[PDB]
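Take these sequences, add in the hints, and give me the full structure.
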Amino acid sequence: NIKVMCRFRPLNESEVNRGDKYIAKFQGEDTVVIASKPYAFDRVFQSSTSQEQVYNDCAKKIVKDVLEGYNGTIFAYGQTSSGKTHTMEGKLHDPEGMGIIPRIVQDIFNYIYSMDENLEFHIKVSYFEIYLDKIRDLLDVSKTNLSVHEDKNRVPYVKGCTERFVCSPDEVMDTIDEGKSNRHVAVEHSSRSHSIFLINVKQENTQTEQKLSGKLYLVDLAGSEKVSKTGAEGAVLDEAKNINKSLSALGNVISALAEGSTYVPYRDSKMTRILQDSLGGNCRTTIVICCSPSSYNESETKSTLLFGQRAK
Amino acid sequence: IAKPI
Amino acid sequence: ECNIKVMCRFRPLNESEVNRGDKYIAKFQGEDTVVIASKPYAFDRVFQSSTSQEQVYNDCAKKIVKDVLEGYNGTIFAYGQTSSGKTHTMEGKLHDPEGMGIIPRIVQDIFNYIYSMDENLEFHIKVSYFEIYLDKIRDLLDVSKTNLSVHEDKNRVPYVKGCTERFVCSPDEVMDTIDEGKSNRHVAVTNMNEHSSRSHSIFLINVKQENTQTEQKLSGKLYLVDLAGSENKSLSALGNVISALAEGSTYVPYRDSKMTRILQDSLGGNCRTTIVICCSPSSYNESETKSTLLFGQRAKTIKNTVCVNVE
Amino acid sequence: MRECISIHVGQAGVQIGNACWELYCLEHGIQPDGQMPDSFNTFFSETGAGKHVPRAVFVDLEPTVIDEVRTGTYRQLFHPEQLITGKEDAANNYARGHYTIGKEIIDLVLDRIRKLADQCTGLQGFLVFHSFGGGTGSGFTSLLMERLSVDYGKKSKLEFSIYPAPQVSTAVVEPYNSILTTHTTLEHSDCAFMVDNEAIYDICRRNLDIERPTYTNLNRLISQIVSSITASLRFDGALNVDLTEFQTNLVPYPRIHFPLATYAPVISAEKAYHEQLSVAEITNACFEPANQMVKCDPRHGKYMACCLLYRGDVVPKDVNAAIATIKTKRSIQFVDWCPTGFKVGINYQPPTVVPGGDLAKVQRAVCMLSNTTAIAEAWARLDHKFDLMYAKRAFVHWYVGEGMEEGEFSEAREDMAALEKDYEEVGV
Amino acid sequence: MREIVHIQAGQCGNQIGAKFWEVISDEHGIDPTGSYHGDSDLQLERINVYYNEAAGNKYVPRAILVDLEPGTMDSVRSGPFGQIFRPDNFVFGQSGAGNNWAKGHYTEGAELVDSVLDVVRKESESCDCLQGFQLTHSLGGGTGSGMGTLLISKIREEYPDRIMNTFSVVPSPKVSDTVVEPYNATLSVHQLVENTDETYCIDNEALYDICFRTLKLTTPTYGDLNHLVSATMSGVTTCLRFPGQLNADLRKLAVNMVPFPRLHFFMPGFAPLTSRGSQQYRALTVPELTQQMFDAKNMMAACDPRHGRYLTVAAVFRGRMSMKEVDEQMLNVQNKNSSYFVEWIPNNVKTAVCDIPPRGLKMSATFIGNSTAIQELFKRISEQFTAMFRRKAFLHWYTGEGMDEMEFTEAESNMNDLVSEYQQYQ
Ligand SMILES: CC(=O)O[C@H]1C(=O)[C@@]2(C)[C@H]([C@H](OC(=O)c3ccccc3)[C@]3(O)C[C@H](OC(=O)[C@H](O)[C@@H](NC(=O)c4ccccc4)c4ccccc4)C(C)=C1C3(C)C)[C@]1(OC(C)=O)CO[C@@H]1C[C@@H]2O
Ligand SMILES: Nc1nc2c(ncn2[C@@H]2O[C@H](COP(=O)(O)OP(=O)(O)OP(=O)(O)O)[C@@H](O)[C@H]2O)c(=O)[nH]1
Ligand SMILES: Nc1nc2c(ncn2[C@@H]2O[C@H](COP(=O)(O)OP(=O)(O)O)[C@@H](O)[C@H]2O)c(=O)[nH]1
Ligand SMILES: Nc1ncnc2c1ncn2[C@@H]1O[C@H](COP(=O)(O)OP(=O)(O)O)[C@@H](O)[C@H]1O
Ligand SMILES: Nc1ncnc2c1ncn2[C@@H]1O[C@H](COP(=O)(O)OP(=O)(O)O)[C@@H](O)[C@H]1O
Ligand SMILES: [Mg+2]
Ligand SMILES: [Mg+2]
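Top to bottom, those sequences are chains K, T, L, A and B.
With the entry's author numbering applied, the first sequence corresponds to residues 8 to 194, 199 to 323, in that order.
The numbering of the second sequence is the entry's author numbering, which starts it at 920 and goes up by one.
With the entry's author numbering applied, the third sequence corresponds to residues 6 to 236, 255 to 334, in that order.
With the entry's author numbering applied, the fourth sequence corresponds to residues 1 to 37, 47 to 437, in that order.
With the entry's author numbering applied, the fifth sequence corresponds to residues 1 to 44, 47 to 360, 369 to 436, in that order.
Rather than coming from a laboratory, the hints here were simulated on the basis of the structure.
Listed next, with one range per pair, are the computed distances between beta-carbon atoms:
1) B:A285 with A:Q256: 49 to 57 Å
2) K:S54 with B:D130: 54 to 62 Å
3) T:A921 with K:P17: 41 to 49 Å
4) L:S188 with T:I924: 18 to 26 Å
5) B:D306 with K:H156: 29 to 37 Å
6) L:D184 with T:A921: 21 to 29 Å
7) B:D130 with A:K60: 28 to 36 Å
Derived DSS-like pairs (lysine-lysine); straight-line CA-CA distance at most 27 Å:
8) B:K402 with B:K389
9) K:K222 with L:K222
10) K:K166 with B:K156
Every residue gets a Cβ at the ideal spot worked out from N, C-alpha and C, and that includes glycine.
In structure tokens, the structure reads:
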């Protein structure tokens, strides 16, 4: 089923001197009210919550499902300086300062480090981005206009995508850094393209000769932008148009899945086309939206809250 | 060439 | 019914045979017929003392590489006394492109073929370094796993259990693995020379090639084994089994020692058999030369049955 | 002096302006070429050689109708730089008229307006003509209104809009544009008059005895109402009233500023005779539910303030008698907190006929501007249409495809609901 | 100022476009040699939409003709109005298409797409404000479907924010001339449903039925069908070159008529249509035209509108008429036939009125519909494809040019997804 999580952050020192104030008021642990308008979610975190609680309440079940022949998907949506990088990567070394991806890879390795020697596992990694409705490869700059097809069992995939092997989490972190060093980011570090990361974990039973394949999807959603209040010109305008249209299409797909409608518009955008296998049915997907409570950023906070609420 | 774990 | 190839490479004389005053009795009546003690000794292809490792590799190891690429197990075995030319034939000088023995040339050719075809096939490569010393099993990859037991499978062919498995993707990994094996061989061992002349080193390579679309399964086992000096329980078993097989009487006693069961696959089992006995033309070693020649020619009477490992 | 700046944006506004300027040129006796063979400075400026240039700016994103103006019968009147034209129309998209295509001629129109405003001494207000539902009339108007509010601000702004009808409609995505523009019209405007096609169609059917109306008749009626409004600034008479007194008499609270207009007596040439057309009859007929130009019956609501603008041969005794007769009635109910709910204006200038028109030469006419609580039903119907169409999110990919977020629709809906709640709560 | 680039690919497309150009030149009053002999200023006011200026008051159309055989080219060039086209815009090959989608789209079309794209680019950079692209082809052919699809993909790649409208002739159940038609139809729909802003579905069966029943014709040839198609194509975009009370561009029609990105398939129409000897007994009014337009036997697609509900209807009138009449008719048509329209979309019909009627009439109208009944045409095509794909019949010709079965499977899946989308709202 669909799970939508929202996280808030404590005000930084760089804005306390300007005298901003909290806008969000909490009720229980599942509702946040801004300007006397309730917003019901699945779970809301506060500033005092640590990373481990978020990981245990948002990622552990999906991480377990991947290693047992099933599939799952995790998104991440927010504006600049809203908590995206802290809740996703954070400090890549600290046992208490790591985000969600390092804990995911740590568990995905420490489970393999315990299942005897009668089982063999394989790990695959791919990293492709979506830019101007054209799929580019972050691990091979030669490829720039890859395509999407289907195999015999009509489960989509992207052909020509570079797919290397890994054996230790350090290699995973290194390839993550290399992939991030090729994305499109405007001038403080404003992302302008969606990113997709794939961890393929498959097991082959040496004795029983049974093969189980499981997939985990990591998606970093770019931020929707109200153009009229910014004054974008030229390429930035095209980027904003594409990002807004893609986010609207994804919202439509998720709403159609949640409401249990007969037809789900899986073929309205590239992003939903790729993730058709690990989105609906017996697939568990969790979405995390990060927001800032400072009154300086109330409008974008409301935009993020509305996008999260669209799923229901 | 593969590199299984 | 694949044939057993018996290969005879001669070596230059060492210092002790000159000190005895050896004469160059052996003469090549052709490249396969040789005369010692005024007696002919014909093999498949006899190499001279001046024969290079490159020439021996070109003449011998190509077919076994092709077979293991096809799916048939292959065996390369080295025999002789101490200072007969076994280890130097096996590796020689690995960093030297000329003196590199069977192992570096085989690795280079395997990687060349892999880089050449690179079709819609997947290859998984694993290596295990093994040793036998006074009938003691010890893996150098992990020192603690000693006194291991060789077990049996559904096909009832012997295999070692407990030996550490290490995948390889590039030749430098093979070189580092060999270096680590030798370094561990330097640990808990008093003298490398006496251990080499009184123990046995086993090099194992396994390959699993599978097509992506048709999904056919092809596997092959490669054995690279060097034994101790022929100048003993292991040698008693080897002599008895080779003489019985040449005579074709009773059976081959495999439970005499572990190396016998291990070589069951190599000798008479489901694996292509090809041995390269290293001989010396010295009269100081005319006894051991005669023993080696008789062993090889007796083994040449045996032909093996081998099937492709496809599942 | 007393001057106003006219802006016509979109096709509907441009054609309404065509009718309005025809009427004004007829009223002041100016030939189309601008030569006449002092009660005219409000809508024109002298050039020193006998030519007169009207104070109007024509803006459109499509070169079709402005090209009709450039080559029609009024090509020698307007200033060539007043008529401003783009390349591609809004295509019924709010975003295309707002930002995507708007940010290419808005600076030019701002410069033209500044050039016109510098030339006028006593600026009185703006008269913007646009339409609800179209891309240009709903999106491009918002940008211009925001820029004018930022620049000028204190000057009064009046708008005349064509509102969507209950059943008759032309476009398919009209509710979205109407909701967005009616959100934008509450922050910057001061008194917006709204009309619709269906009520004018019925008015033409009954009173004028015409069964096949077109757009020209509607434009003529709207121009007549605007001229009736501006007559007090143009000419002289007892009990005159200008814009600021209009706004201080007709707008009780800062948000209740959405009146509806009415004209009387709309009669034909054959029915011009056989009727007295007295002051009492004219006054009584203007409160009928069948003469309102917005499809909302005043009976299901209560008035707050209605200002009557008599023009022609009018004597105040008759006006007082008519007001007393209106007050003693029972069908129309006033709010208890407004004991005096009538504003009276009289002028000495009778209405002017246009040649080849359906209107008749009468000696007197009135224009009642009232803001009752009955205007909420049209907004209710439009909101219902919007929510029904937006439940499935149809035609939304076009709007979000031009750099527009999904939150604007919900925000505008919330603002409209707040407006309806405020209107109802102040009604009681 | 809002220019249009026209491309004709295949025999059917070439002949349809030739008839269309003759009709357009007659409407604007242009002699075959390219001189202007009109009788009004409104004709020359907006002549830049389809024509380019030349020395000595001569006009040449902005049209490009592409084919893989040199027979249709010099069949057109020797025709009544072949003297007006630009000679350098003729791009053609020598090897016939062979009724092979794979050949035209991969082998013999990849060696000629470069020249066609070059001449398109040279024509597209001489305009002031490009509006869109027009393409005429037929889905069941070999060069038509493949070449048009390749050109559409390339142009949508180069120009990403322009309207692409194509007028494609669709295969019919009971009228067919090719044995491998369903394969071509499906392989063309696979790309048309993705890289087209609005496409119009026409079939020969409905045109034959129109000629037989309404016009009472004796022996209808291809000329009458091409002429009807030219009439509706001319009536589609009359608001770009003539004034009117309500003006509707191409993008305005696209915004009003397309609720969701995939559903952009339309069935055109026209009115009035009477036989000679019966026009003197007909009253020409708005109600009569409205009744004729919404008749199930007047559409140019062999799908019964009664087996479905209209999503959006656009009706462009031409002539002098009252607006109240049009509004009242478009309201009472919906109210009287409520069960034939989508319930949750108010005002399913859009009105556009222009004040320049076609020569020789007083009133004319074009009907552009978007109904769920278009699913059954795709149903028939898909059933034929499934029947002929189990045995892999006639498949070694396509796989002999560099294709795969997975392409066929993907195209079938996409068409099934489209059918599922249309059925959902019924
Ligand atoms: C005396 C009179 O009024 O004659 C009419 C006529 O009788 C009818 C039957 C015409 C006639 O049309 C046909 O018979 C016909 C033939 C082939 C294909 C399609 C139609 C007419 O030929 C066609 C002709 O149409 C035009 O003149 C339009 O401008 C039309 N022109 C052409 O198609 C055209 C033909 C030849 C050369 C150049 C142009 C047009 C329509 C849409 C867009 C542009 C142009 C008209 C009104 C008539 C005749 C002459 C009998 C009809 O057709 C049209 C297109 O108007 C058939 O049903 C209508 C109703 C008309 O009343
Ligand atoms: N009174 C009157 N109303 C009109 C006229 N033309 C259009 N309308 C109304 O205006 C609405 C359509 O908006 P338009 O003004 O034509 O569109 P636009 O502002 O030009 O915007 P775009 O054409 O989309 O760029 C409908 O409600 C019409 O009924 C007219 O000439 N007179
Ligand atoms: N209206 C019309 N249809 C045609 C004409 N010629 C062929 N067709 C139709 O087009 C389809 C055949 O495709 P065609 O264009 O001849 O093949 P191509 O030359 O390879 O593109 C069939 O459905 C024919 O009925 C024509 O001149 N006019
Ligand atoms: N949950 C949190 N607790 C404490 N600090 C946080 C939290 N989330 C974000 N921050 C602080 O915000 C700073 C910048 O946020 P960042 O993740 O970089 O946002 P962005 O990636 O949008 O710039 C970090 O230095 C981090 O210290
Ligand atoms: N073919 C040869 N050419 C030159 N030197 C050789 C040759 N074969 C053996 N030797 C040298 O003789 C010495 C002993 O040989 P080695 O291979 O270690 O004997 P074994 O392994 O049979 O005990 C080594 O220095 C070796 O390099
Ligand atoms: Mg040795
Ligand atoms: Mg317009």
